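Input sequences plus hints: build the corresponding full structure.
Letter by letter, the chains look like this.
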Amino acid sequence: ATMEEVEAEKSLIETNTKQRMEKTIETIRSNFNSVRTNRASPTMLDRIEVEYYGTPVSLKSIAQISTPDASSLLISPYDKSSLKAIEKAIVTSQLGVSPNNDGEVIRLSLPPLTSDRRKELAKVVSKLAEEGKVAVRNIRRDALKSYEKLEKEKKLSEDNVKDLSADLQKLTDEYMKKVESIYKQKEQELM
Amino acid sequence: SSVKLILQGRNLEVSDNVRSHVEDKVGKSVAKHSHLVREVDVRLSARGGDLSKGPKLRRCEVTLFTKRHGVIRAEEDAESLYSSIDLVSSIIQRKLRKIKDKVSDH
RNA sequence: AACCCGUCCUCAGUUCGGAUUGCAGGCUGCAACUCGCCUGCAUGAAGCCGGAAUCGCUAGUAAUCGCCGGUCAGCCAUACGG
RNA sequence: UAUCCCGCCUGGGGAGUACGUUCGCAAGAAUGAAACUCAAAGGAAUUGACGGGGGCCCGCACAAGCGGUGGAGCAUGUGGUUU
RNA sequence: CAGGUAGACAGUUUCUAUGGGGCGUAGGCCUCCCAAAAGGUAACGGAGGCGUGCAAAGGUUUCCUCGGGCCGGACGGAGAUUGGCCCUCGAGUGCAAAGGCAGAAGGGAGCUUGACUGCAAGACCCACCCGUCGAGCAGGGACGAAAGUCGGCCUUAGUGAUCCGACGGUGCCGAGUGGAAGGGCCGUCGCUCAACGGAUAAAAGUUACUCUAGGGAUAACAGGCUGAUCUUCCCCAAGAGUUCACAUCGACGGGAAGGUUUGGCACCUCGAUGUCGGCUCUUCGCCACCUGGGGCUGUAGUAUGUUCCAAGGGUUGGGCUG
RNA sequence: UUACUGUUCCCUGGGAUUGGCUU
RNA sequence: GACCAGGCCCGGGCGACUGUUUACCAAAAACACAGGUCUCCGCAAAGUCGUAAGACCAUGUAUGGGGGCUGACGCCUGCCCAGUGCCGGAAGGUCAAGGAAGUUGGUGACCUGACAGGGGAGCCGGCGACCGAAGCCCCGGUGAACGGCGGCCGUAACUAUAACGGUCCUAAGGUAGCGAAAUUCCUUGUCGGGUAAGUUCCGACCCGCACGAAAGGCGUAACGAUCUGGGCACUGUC
RNA sequence: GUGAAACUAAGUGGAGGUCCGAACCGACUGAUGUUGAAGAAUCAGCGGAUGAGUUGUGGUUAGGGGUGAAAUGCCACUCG
Ligand SMILES: [Mg+2]
Ligand SMILES: [Mg+2]
Ligand SMILES: [Mg+2]
Ligand SMILES: [Mg+2]
Ligand SMILES: [Mg+2]
Ligand SMILES: [Mg+2]
Ligand SMILES: [Mg+2]
Ligand SMILES: [Mg+2]
Ligand SMILES: [Mg+2]
Ligand SMILES: [Mg+2]
Ligand SMILES: [Mg+2]
Ligand SMILES: [Mg+2]
Ligand SMILES: [Mg+2]
Ligand SMILES: [Mg+2]
Ligand SMILES: [Mg+2]
Ligand SMILES: [Mg+2]
Ligand SMILES: [Mg+2]
Ligand SMILES: [Mg+2]
Ligand SMILES: [Mg+2]
Ligand SMILES: [Mg+2]
Ligand SMILES: [Mg+2]
Ligand SMILES: [Mg+2]
Ligand SMILES: [Mg+2]
Ligand SMILES: [Mg+2]
Ligand SMILES: [Mg+2]
Ligand SMILES: [Mg+2]
Ligand SMILES: [Mg+2]
Ligand SMILES: [Mg+2]
Ligand SMILES: [Mg+2]
Ligand SMILES: [Mg+2]
Ligand SMILES: [Mg+2]
Ligand SMILES: [Mg+2]
Ligand SMILES: [Mg+2]
Ligand SMILES: [Mg+2]
Ligand SMILES: [Mg+2]
Ligand SMILES: [Mg+2]
Ligand SMILES: [Mg+2]
Ligand SMILES: [Mg+2]
Ligand SMILES: [Mg+2]
Ligand SMILES: [Mg+2]
Ligand SMILES: [Mg+2]
Ligand SMILES: [Mg+2]
Ligand SMILES: [Mg+2]
Ligand SMILES: [Mg+2]
Ligand SMILES: [Mg+2]
Ligand SMILES: [Mg+2]
Ligand SMILES: [Mg+2]
Ligand SMILES: [Mg+2]
Ligand SMILES: [Mg+2]
Ligand SMILES: [Mg+2]
Ligand SMILES: [Mg+2]
Ligand SMILES: [Mg+2]
Ligand SMILES: [Mg+2]
Ligand SMILES: [Mg+2]
Ligand SMILES: [Mg+2]
Ligand SMILES: [Mg+2]
Ligand SMILES: [Mg+2]
Ligand SMILES: [Mg+2]
Numbered sequence: 079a080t081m082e083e084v085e086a087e088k089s090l091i092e093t094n095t096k097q098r099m100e101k102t103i104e105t106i107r108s109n110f111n112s113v114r115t116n117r118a119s120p121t122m123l124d125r126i127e128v129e130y131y132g133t134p135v136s137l138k139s140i141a142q143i144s145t146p147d148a149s150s151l152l153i154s155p156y157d158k159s160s161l162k163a164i165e166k167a168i169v170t171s172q173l174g175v176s177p178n179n180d181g182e183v184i185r186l187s188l189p190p191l192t193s194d195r196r197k198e199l200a201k202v203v204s205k206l207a208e209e210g211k212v213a214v215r216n217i218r219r220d221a222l223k224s225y226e227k228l229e230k231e232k233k234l235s236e237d238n239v240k241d242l243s244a245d246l247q248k249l250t251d252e253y254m255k256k257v258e259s260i261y262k263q264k265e266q267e268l269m
Numbered sequence: 073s074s075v076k077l078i079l080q081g082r083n084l085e086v087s088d089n090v091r092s093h094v095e096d097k098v099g100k101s102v103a104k105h106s107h108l109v110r111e112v113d114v115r116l117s118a119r120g121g122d123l124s125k126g127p128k129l130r131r132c133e134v135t136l137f138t139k140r141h142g143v144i145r146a147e148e149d150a151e152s153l154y155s156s157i158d159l160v161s162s163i164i165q166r167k168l169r170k171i172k173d174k175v176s177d178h
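Respectively, the protein sequence lines represent chains A and B. Residues 79 to 269 (the UniProt record's numbering) make up the first sequence, in order. Residues 73 to 178 (the UniProt record's numbering) make up the second sequence, in order.
Keep in mind that the hints were calculated from the coordinates and are not lab data. Beta carbons are placed, not taken as given, at the ideal position from N, Cα and C, and that holds for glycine. One thing to keep in mind: the hints can contain errors.
[Said to hold, decoys possible] Using C-beta positions, here's what the derived DEER-type ranges look like:
(1) B:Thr135 - A:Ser171: 30 to 40 angstroms
(2) A:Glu258 - B:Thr135: 58 to 68 angstroms
(3) B:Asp173 - A:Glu182: 55 to 65 angstroms
(4) A:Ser193 - B:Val75: 56 to 66 angstroms
(5) A:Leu222 - B:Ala103: 40 to 50 angstroms
(6) B:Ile163 - A:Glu231: 48 to 58 angstroms
(7) A:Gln97 - B:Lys104: 32 to 42 angstroms
[To be verified] List time: in silico DSBU-like cross-link candidates among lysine-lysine, alpha-carbon distance up to 35 angstroms:
(8) A:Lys201 - A:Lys88
(9) A:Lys138 - B:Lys100
(10) A:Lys211 - A:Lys230
(11) A:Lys138 - B:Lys172
(12) A:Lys101 - B:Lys125
(13) B:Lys97 - A:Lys138
(14) B:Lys100 - A:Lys158
(15) A:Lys138 - B:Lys125
(16) B:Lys125 - A:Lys162
(17) A:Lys166 - B:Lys97
(18) B:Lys172 - A:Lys166
(19) A:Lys138 - A:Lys264
(20) A:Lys158 - B:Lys97
(21) B:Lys97 - A:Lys162
(22) A:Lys162 - B:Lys128
[Stated by the list, open to error] Take a look, some chain B residues computed to stay more than 12 angstroms from chain A by CB distance:
(23) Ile78
(24) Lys97
(25) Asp113
(26) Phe137
(27) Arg169
Following this line, the structure appears as structure tokens:
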């Protein structure tokens with residue numbers, strides 16, 4: 079178990095972690111944005127498509143999305159024939175909003191935050207954080223096995239594993255703090 | 073795999089998201105008997121609504137010529153474009169499976 | 001016209017094959033560059049009967065040879081109808 | 001055609017399901033709902049269509065024969081791209 | 001009698017170095033540095049290599065010079081091969097490195113086997129055993145016209161004592177004598193005996209059921225040294241702060257004290273310095289949580305914020321956890 | 001204990017105990 | 001009315017239970033247990049103790065005896081025989097002592113040469129064609145025998161998951177049931193319940209570091225000077 | 001009660017590795033003692049107590065061993 083072997087076995091296993099930790103933190107942030115806590119919605123209306131002369135086309139190409147207020151939204155359709163198609167898609171999408179019409183445009187109104195919704199919604203926010211922590215702990219759980227597999231194969235010493243393992247926890251614990259930090263700023267958004 | 077494809081904008085323009093949806097469906101139904109066929113013919117159409125009088129309806133005509141004197145004719149009509157593509161692909165997978173059951177009758 | 005008689009070419013990308021391009025000319029037409037048809041020369045590609053597949057034909061038919069006409073000033077007709 | 005007695009049905013799905021009860025070593029049997037939901041479900045028979053059902057017959061339908069296409073070059077049409 | 005066959009049973013082995021031991025790594029030889037201008041010189045100090053190869057890459061005689069850059073020339077281009085010019089040892093010398101070598105120790109050609117036999121004055125090295133160079137003499141020879149050169153390779157790693165055995169040779173001995181068996185002698189061969197001065201022809205683990213002889217020469221607790229780390233301050237002020245570096249934070253970096261953290265060293269204690277937390281009972285320190293008294297404020301007031309003097313006194317009861 | 005060298009139980013062959021007629 | 005003379009209830013883990021155990025720090029979840037299963041033994045039995053004679057087993061006879069594992073009862077007890085074991089097989093290959101077709105050497109009655117060469121008989125030796133068992137190799141069976149029971153990618157119409165599929169490697173890749181457990185490192189996992197507040201306790205989820213089917217799995221009334229949490233009553237524990 | 005049985009109500013009977021609890025055999029908790037009264041006991045409660053029970057007398061098994069409801073426990077205060 080020369081030093082050149084410890085560096086290589088450290089470099090191989092460690093890069094699989096860091097390259098895997100960044101995948102989790104990237105996807106975990108996407109799980110928060112999918113909760114859609116009625117802050118602002120230039121993004122919600124993007125995935126809804128509509129039919130325009132036998133062509134499924136996104137709403138972004140057919141009309142403009144302007145946010146005059148955080149709790150509302152304005153759609154300026156260039157074609158009046160395409161206005162009704164937008165109303166159909168929003169309702170069939172079942173997002174949870176009742177669109178209105180003023181004869182020219184479509185206006186949305188995100189509802190207010192209720193107490194019953196905030197608690198049921200807060201349970202989802204905590205649940206996603208739990209799914210993030212277990213994702214990290216599985217990576218700590220996978221990395222330490224490989225150090226033990228090298229040990230049983232007599233390519234590392236007992237002394238090397240205790241050093242790498244103790245040094246590997248410091249790496250993961252840094253990424254753990256990123257989980258709470260994203261959770262702290264989110265819990266402030268509930269109010 | 074290793075099979076060509078032919079689309080046709082009969083009464084409209086063929087988009088890219090649509091073309092991806094076409095390859096996804098027939099790619100499933102044809103991947104099974106992929107070593108029997110060489111090409112895939114497709115013809116999309118649209119009618120009604122704002123274009124013509126009557127209910128909006130979009131046709132998807134799909135023809136297939138295998139490597140051994142096989143001919144398939146499939147035509148369906150639906151209210152949307154993707155729904156029309158879905159129903160036709162189910163018909164091809166039905167008749168395409170009917171052929172192997174006759175060849176593998178023994 | 002295929003065909004008959006006679007000379008030459010003897011299995012070669014060849015006296016097979018005639019694409020591509022340059023030069024020099026003619027006819028139609030007010031007009032021929034994009035965008036017509038032809039002549040005279042010189043260049044002389046690919047191509048050695050052709051995968052998986054697939055078409056026509058049961059008698060003067062298939063195969064093969066050439067002729068005519070319509071539209072048309074002219075003609076991209078190797079088409080169409082005989 | 002008639003009399004006497006027993007059991008059994010009252011649209012379909014949910015469902016012979018759930019709770020509870022009796023029996024059974026168990027597997028399970030018997031008894032047996034409701035919420036919600038559709039305007040049908042179903043029977044006989046006819047007519048066509050269809051059948052890797054049966055029987056018969058026909059067309060260059062296959063088979064057999066002759067010559068081609070698909071390859072090469074060049075006419076000429078369609079798509080596609082481009083404008 | 002022989003072959004095979006159960007740790008059922010017996011007798012034993014199971015290396016050392018080591019900033020405690022173990023897991024790891026290493027064990028012999030050569031080269032450079034550390035090595036302090038002779039030589040020699042340690043560390044778990046920094047870099048790399050060897051366990052050979054060549055029948056010519058040996059010996060002798062003899063003729064040559066590589067490499068780089070530019071220019072010219074078909075395929076040919078940065079680069080094959082060819083001509084010329086310029087700088088001159090920048091190449092190469094089977095392999096690591098150092099040192100050395102230019103009409104050469106490098107690169108070719110011709111003949112050859114001295115990659116001999118029997119020696120050897122005198123030296124270098126040095127605990128011992130080993131190891132290294134070598135004028136010169138005889139013999140019989142190679143190359144060269146001759147003088148002269150040659151006892152393997154430009155040099156330094158390419159290796160293993162002794163016992164025993166094996167092959168070949170031999171004018172030696174031959175257990176009464178003659179022979180023979182066998183042995184000696186000469187020439188040479190056979191170990192990754194690599195833990196490489198090799199304990200045997202032949203050997204791994206476990207003990208928390210344990211035991212003895214010893215050690216503070218040697219670990220864990222504590223003390224002490226050190227102060228990386230930790231804690232607490234200071235220096236510079238790029239900026240934040242509506243403008244305004246210093247009301248309050250202060251990056252980038254720098255200079256300190258303290259000895260409560262985790263550690264390094266292993267100096268006291270191994271014919272004993274009994275541990276974590278808690279109960280009870282103290283007592284000091286200030287780098288100040290509250291109480292007393294002040295300054296500044298982006299201090300209106302109340303209430304803070306930061307900081308100075310100040311350690312007199314005070315600093316609760318419970319749930320979970322050893 | 002699949003550490004080294006051995007012992008024992010056990011299995012197997014030759015010999016003794018051990019002989020006759022046939023194939 | 002003194003002395004004498006049960007505290008009780010709800011829930012969970014382990015073991016079925018009565019019992020046995022480290023005399024002098026461990027009474028238990030360990031041991032035993034009824035039962036269940038595998039394998040051996042046809043009596044001059046296997047097995048066990050002995051140098052042997054012989055003894056026990058047994059004055060018994062496969063509904064009996066010995067040995068291994070498991071441990072009432074109830075529902076069940078899966079996959080892999082490549083390897084290691086055990087059983088059986090017998091074609092060939094390897095093969096001891098021993099036997100002996102022969103071959104070879106030493107000695108020398110003699111012969112010859114010029115001290116040496118050759119050499120009969122007899123004696124003493126060496127080598128060994130071929131014959132030569134079991135065992136092993138080899139061919140099958142056997143898991144309530146020792147034992148083991150995998151990874152990497154992609155895919156569902158919002159994300160997220162992956163019913164499904166592809167690939168590599170093994171003898172085979174963990175089936176029922178259970179699951180932060182007497183097993184879970186991260187860990188005081190997370191949600192719920194209980195408490196004014198619960199690193200312990202109960203229920204559930206499953207990311208099972210490293211459950212798992214007779215070294216048995218999941219449950220289980222009763223029992224326990226067993227471990228573990230809560231509550232009523234009681235009290236100088238406080 | 002039935003065709004006869006199965007099944008079923010009383011009485012008799014007094015079973016159990018049954019219950020409470022002395023002797024007897026054990027030794028779970030705590031206190032005390034810990035140069036003890038005692039080289040394991042005293043005090044207060046505790047377990048089994050018709051059974052796989054306890055006990056006397058007289059005997060058997062002896063160390064590369066014996067014995068062991070198996071702790072490496074016991075074999076004359078001594079047992080890897
Ligand atoms: Mg050609
Ligand atoms: Mg030809
Ligand atoms: Mg052709
Ligand atoms: Mg006809
Ligand atoms: Mg009918
Ligand atoms: Mg035909
Ligand atoms: Mg032993
Ligand atoms: Mg042995
Ligand atoms: Mg001894
Ligand atoms: Mg040592
Ligand atoms: Mg000096
Ligand atoms: Mg020196
Ligand atoms: Mg040089
Ligand atoms: Mg030279
Ligand atoms: Mg003699
Ligand atoms: Mg000599
Ligand atoms: Mg040595
Ligand atoms: Mg223990
Ligand atoms: Mg023990
Ligand atoms: Mg000391
Ligand atoms: Mg310490
Ligand atoms: Mg210390
Ligand atoms: Mg101190
Ligand atoms: Mg210290
Ligand atoms: Mg003393
Ligand atoms: Mg002060
Ligand atoms: Mg009492
Ligand atoms: Mg627990
Ligand atoms: Mg018990
Ligand atoms: Mg008991
Ligand atoms: Mg005791
Ligand atoms: Mg007890
Ligand atoms: Mg006790
Ligand atoms: Mg016990
Ligand atoms: Mg016997
Ligand atoms: Mg057990
Ligand atoms: Mg086997
Ligand atoms: Mg087998
Ligand atoms: Mg399962
Ligand atoms: Mg927990
Ligand atoms: Mg576990
Ligand atoms: Mg508690
Ligand atoms: Mg639990
Ligand atoms: Mg287990
Ligand atoms: Mg099993
Ligand atoms: Mg098992
Ligand atoms: Mg069990
Ligand atoms: Mg108990
Ligand atoms: Mg009793
Ligand atoms: Mg009692
Ligand atoms: Mg006792
Ligand atoms: Mg008492
Ligand atoms: Mg009592
Ligand atoms: Mg009692
Ligand atoms: Mg009792
Ligand atoms: Mg005695
Ligand atoms: Mg003795
Ligand atoms: Mg004793």
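Comparing the hints with the structure gives:
| no. | hint | verdict |
| --- | --- | --- |
| 1 | B:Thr135 - A:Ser171: 30 to 40 angstroms | holds (35 angstroms) |
| 2 | A:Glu258 - B:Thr135: 58 to 68 angstroms | holds (60 angstroms) |
| 3 | B:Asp173 - A:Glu182: 55 to 65 angstroms | holds (59 angstroms) |
| 4 | A:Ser193 - B:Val75: 56 to 66 angstroms | holds (59 angstroms) |
| 5 | A:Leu222 - B:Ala103: 40 to 50 angstroms | holds (41 angstroms) |
| 6 | B:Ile163 - A:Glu231: 48 to 58 angstroms | holds (57 angstroms) |
| 7 | A:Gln97 - B:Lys104: 32 to 42 angstroms | holds (37 angstroms) |
| 8 | A:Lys201 - A:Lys88 | violated (39 angstroms) |
| 9 | A:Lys138 - B:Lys100 | holds (31 angstroms) |
| 10 | A:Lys211 - A:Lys230 | holds (29 angstroms) |
| 11 | A:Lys138 - B:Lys172 | violated (46 angstroms) |
| 12 | A:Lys101 - B:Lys125 | violated (52 angstroms) |
| 13 | B:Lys97 - A:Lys138 | holds (26 angstroms) |
| 14 | B:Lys100 - A:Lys158 | violated (38 angstroms) |
| 15 | A:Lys138 - B:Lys125 | holds (28 angstroms) |
| 16 | B:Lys125 - A:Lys162 | holds (18 angstroms) |
| 17 | A:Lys166 - B:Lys97 | holds (26 angstroms) |
| 18 | B:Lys172 - A:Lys166 | violated (43 angstroms) |
| 19 | A:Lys138 - A:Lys264 | holds (28 angstroms) |
| 20 | A:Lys158 - B:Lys97 | holds (33 angstroms) |
| 21 | B:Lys97 - A:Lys162 | holds (29 angstroms) |
| 22 | A:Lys162 - B:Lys128 | holds (14 angstroms) |
| 23 | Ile78 | holds (19 angstroms) |
| 24 | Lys97 | holds (14 angstroms) |
| 25 | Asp113 | holds (19 angstroms) |
| 26 | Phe137 | holds (27 angstroms) |
| 27 | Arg169 | holds (29 angstroms) |
The structure is inconsistent with the numbered hints 8, 11, 12, 14 and 18, although it conforms to all the rest.
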